[PDB]
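Student: Residues per chain, in single letters:
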Amino acid sequence: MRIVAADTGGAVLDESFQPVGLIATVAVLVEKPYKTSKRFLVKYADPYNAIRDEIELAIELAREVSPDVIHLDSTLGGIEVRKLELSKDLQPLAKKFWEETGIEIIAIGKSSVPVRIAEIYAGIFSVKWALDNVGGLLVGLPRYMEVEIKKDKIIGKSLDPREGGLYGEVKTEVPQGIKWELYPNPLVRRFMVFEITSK
Amino acid sequence: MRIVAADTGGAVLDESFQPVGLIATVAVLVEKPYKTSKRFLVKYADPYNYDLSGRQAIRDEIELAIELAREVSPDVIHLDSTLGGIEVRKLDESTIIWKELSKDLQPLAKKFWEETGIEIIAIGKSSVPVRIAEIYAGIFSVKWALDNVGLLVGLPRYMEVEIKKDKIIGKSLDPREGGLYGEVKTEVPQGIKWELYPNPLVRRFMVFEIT
Amino acid sequence: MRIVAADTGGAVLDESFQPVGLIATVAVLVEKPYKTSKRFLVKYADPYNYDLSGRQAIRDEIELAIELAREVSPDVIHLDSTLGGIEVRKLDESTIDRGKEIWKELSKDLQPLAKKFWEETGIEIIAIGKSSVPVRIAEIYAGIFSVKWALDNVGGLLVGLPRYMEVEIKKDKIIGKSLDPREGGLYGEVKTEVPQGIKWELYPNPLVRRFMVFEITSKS
Ligand SMILES: [Mg+2]
Ligand SMILES: [Mg+2]
Ligand SMILES: [Mg+2]
Numbered sequence: 001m002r003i004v005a006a007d008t009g010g011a012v013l014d015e016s017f018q019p020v021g022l023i024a025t026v027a028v029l030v031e032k033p034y035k036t037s038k039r040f041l042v043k044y045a046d047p048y049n057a058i059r060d061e062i063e064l065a066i067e068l069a070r071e072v073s074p075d076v077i078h079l080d081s082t083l084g085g086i087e088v089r090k091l111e112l113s114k115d116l117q118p119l120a121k122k123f124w125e126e127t128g129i130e131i132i133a134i135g136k137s138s139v140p141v142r143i144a145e146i147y148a149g150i151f152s153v154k155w156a157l158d159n160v164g165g166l167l168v169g170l171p172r173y174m175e176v177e178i179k180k181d182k183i184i185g186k187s188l189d190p191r192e193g194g195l196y197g198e199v200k201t202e203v204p205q206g207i208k209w210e211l212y213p214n215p216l217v218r219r220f221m222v223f224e225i226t227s228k
Numbered sequence: 001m002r003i004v005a006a007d008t009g010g011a012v013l014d015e016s017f018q019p020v021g022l023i024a025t026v027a028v029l030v031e032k033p034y035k036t037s038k039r040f041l042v043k044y045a046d047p048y049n050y051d052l053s054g055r056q057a058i059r060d061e062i063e064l065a066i067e068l069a070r071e072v073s074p075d076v077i078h079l080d081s082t083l084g085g086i087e088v089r090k091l092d093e094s095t096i108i109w110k111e112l113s114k115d116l117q118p119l120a121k122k123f124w125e126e127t128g129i130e131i132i133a134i135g136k137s138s139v140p141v142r143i144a145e146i147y148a149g150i151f152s153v154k155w156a157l158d159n160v165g166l167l168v169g170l171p172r173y174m175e176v177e178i179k180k181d182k183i184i185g186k187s188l189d190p191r192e193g194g195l196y197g198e199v200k201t202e203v204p205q206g207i208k209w210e211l212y213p214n215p216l217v218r219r220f221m222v223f224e225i226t
Numbered sequence: 001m002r003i004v005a006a007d008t009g010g011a012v013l014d015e016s017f018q019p020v021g022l023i024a025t026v027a028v029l030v031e032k033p034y035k036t037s038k039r040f041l042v043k044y045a046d047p048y049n050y051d052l053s054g055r056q057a058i059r060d061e062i063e064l065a066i067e068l069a070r071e072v073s074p075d076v077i078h079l080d081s082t083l084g085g086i087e088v089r090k091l092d093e094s095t096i097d104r105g106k107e108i109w110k111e112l113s114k115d116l117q118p119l120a121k122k123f124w125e126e127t128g129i130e131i132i133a134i135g136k137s138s139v140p141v142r143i144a145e146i147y148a149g150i151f152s153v154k155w156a157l158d159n160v164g165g166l167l168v169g170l171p172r173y174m175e176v177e178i179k180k181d182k183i184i185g186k187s188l189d190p191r192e193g194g195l196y197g198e199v200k201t202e203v204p205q206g207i208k209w210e211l212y213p214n215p216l217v218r219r220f221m222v223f224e225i226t227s228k229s
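Quick mapping for you: the protein sequence lines, in order, are chains X, D and V. Heads up: the first sequence runs through residues 1 to 49, 57 to 91, 111 to 160, 164 to 228, numbered per full-length UniProt numbering. Heads up: the second sequence runs through residues 1 to 96, 108 to 160, 165 to 226, numbered per full-length UniProt numbering. Heads up: the third sequence runs through residues 1 to 97, 104 to 160, 164 to 229, numbered per full-length UniProt numbering.
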């Protein structure tokens, strides 16, 4: 099965580890064996000042790759959004999109692996954003994921082995003259902080 | 202590990764140090003609638990019903989906308690032996798929299997549970192949695909 | 950010695996990268003489946190009560609005303590509870100290550890570690002299999934 999903993640934190705003909305194409995505879109929000932005970006990707279904971040047991819970706002959108493409948009939320994969990529693109904006940043990553930074790419991985080894990967130019570290958010258990400093 | 628990796990999936029915119901005997079971029973259902509501599974679960309990005489029976550890023979609408299911479990547990003095408790996901039964269910579902294959089998929550020449090993993927596992002797056919990968519809659940 | 937190954990269990009482209350100083504590205080209860209202525990927790905070001067104290991070100074019955009904009896003891300590220092005590990593680290240390207590106080003893943690025994120390990799590798170490004539085993609590049992048995 080919699935398009979307989620928003990554948060700019203040000096007291309190979130200012979210960083990245990502749409991903996920196919078997459903551990990662090689095909995705990113929309950077403005962190320093929603489910709609996810569903829109998902639709944009779906028209490009023609998936079997779209997963949205709403936990409703996988019910088709056109056959519908604030996400009733998206029912008419789900209705007309199905009529146009034959693609079902389903409210599966936290039960969805592709949504989780989209979330991991949001974390990765949040780090990329940090790499490309850093004199010091605190980025709050999505729940239990870590990143590795190599010369030409960032790797994202879920910390939960129960998820079966979900991961992400984004090629990007990693600048010299930076210092990064990764550590637990003291205020939010199971969430990691990506702190970066320009040398 | 000596505990008997039961559960039903393993689901034949369709093309849309949605379950058509359940496969294996297992009763286990668990003793110290409570990581696995050396003594267990299994009952297979018909997955292609299954009561997906849950009534059938829980009936099979309590019947099979009782049966194993008669043989091994455990201190107590754990049922996969997350209701605070209350005795099933006292399950009323008052003490409380499960209201309906209590209707066909309460008299049965009451009868069994009168025969044996052994309580059947609705402890559910708080029970390690229940979880061990669930893991064995996944193992027996995989054994079943090895004998009825192609197939798409949805495994119980966060567990994987390894397939040897002479046995199937199941293990929890959650290290927080403390290394829960199970083994089942079996033979493995020729002219087949299998993969284990995330169920894209059910986070933290794995899929066993075989051809 | 430098944080002092406290929690009470570790339980003497009966052979039906039910807690008789809690053992250790621990206050910890936690600094970046917030994985462990190298500065901590411990107070032992009597598990056989224990109040599971939780009143005695939260009282012990706050006073021990304050005592430690006076010596290390943290930016903030984390208390294990999950209320969203409200300052305990401002914890009145008006602000509370059975969870509500319970914390208004406790507020009569907690609020003035927090108030007095803030006036002295400007340091806030926040009711953050379970989302706090330093609280979790305190909990891990409580599990460690409960084992140390059990080692010193045993012909057999079942120690119920706090949720998903293990302990390792070394010749000169006890190590505690979270079993949840999602927490990023939280742990703690306490130096002790391990007594002879005893054996130990770590295994799952069959009645409480994700809780381990540390059982000690006298030798010979
Ligand atoms: Mg979301
Ligand atoms: Mg069950
Ligand atoms: Mg506590």
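Calculated from the structure, these hints are not laboratory results. Take the hints with a grain of salt, since some may be wrong.
[Said to hold, decoys possible] With a cut-off of at most 20 Å between alpha-carbon atoms, the simulated PhoX-like pairs for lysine-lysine come out as follows:
#, chain 1, residue 1, chain 2, residue 2
1, D, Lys32, V, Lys228
2, V, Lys208, D, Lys32
3, V, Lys208, V, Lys179
4, D, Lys182, D, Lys136
5, V, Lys228, V, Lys35
6, V, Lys200, V, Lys186
7, D, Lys35, D, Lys200
8, D, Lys182, D, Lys38
9, X, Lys32, D, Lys121
10, D, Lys179, D, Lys208
11, X, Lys179, X, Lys200
12, X, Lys208, V, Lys32
Student: Please work out if X:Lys208 and V:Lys32 have their alpha carbons no farther apart than 20 Å.
Tutor: Given pair X:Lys208, V:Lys32 holds - Cα atoms ~16 Å apart, limit 20 Å.
Student: Can you confirm whether the C-alpha distance between X:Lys179 and X:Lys200 stays at or below 20 Å?
Tutor: 9 Å, holds
Student: Does the alpha-carbon distance linking V:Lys208 and V:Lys179 stay inside the 20 Å limit?
Tutor: 13 Å, holds
Student: For V:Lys200 and V:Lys186, compute the direct alpha-carbon distance and say whether it is at most 20 Å.
Tutor: 15 Å, holds
Student: Given the hint that V:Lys208 pairs with D:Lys32, does the C-alpha gap stay at or below 20 Å?
Tutor: Status holds; Cα separation ~16 Å.
Student: Taken at face value, is the distance from the CA of D:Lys121 to the CA of X:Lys32 at most 20 Å?
Tutor: With a Cα-Cα distance of about 48 Å, the restraint between X:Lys32 and D:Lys121 is violated, given a limit of 20 Å.
Student: Just to be careful, I want the Cα atoms of D:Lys182 and D:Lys38 compared with a cutoff of 20 Å; is the pair within it?
Tutor: Measuring from Cα to Cα gives roughly 14 Å; hence the hint holds.
Student: Sort out whether D:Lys136 lies within 20 Å of D:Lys182, counting only the CA atoms.
Tutor: 27 Å, violated
Student: Would you mind confirming whether the straight-line C-alpha gap from D:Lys179 to D:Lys208 stays at or under 20 Å?
Tutor: 13 Å, holds
Student: Run the distance test for D:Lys32 versus V:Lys228: straight-line Cα separation, threshold 20 Å.
Tutor: Roughly 19 Å separates the two Cα atoms, so the pair holds.
Student: Would you check the hint for V:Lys228 and V:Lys35, treating anything up to 20 Å between C-alpha atoms as holding?
Tutor: Judged against 20 Å, a Cα distance of about 36 Å means the pair is violated.
Student: Verify the proposed pairing of D:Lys35 with D:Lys200, using a straight-line Cα cut of 20 Å.
Tutor: 18 Å, holds
Figure legend: structure checked against the earlier numbered hints; hints not met, in rising order: 4, 5 and 9.
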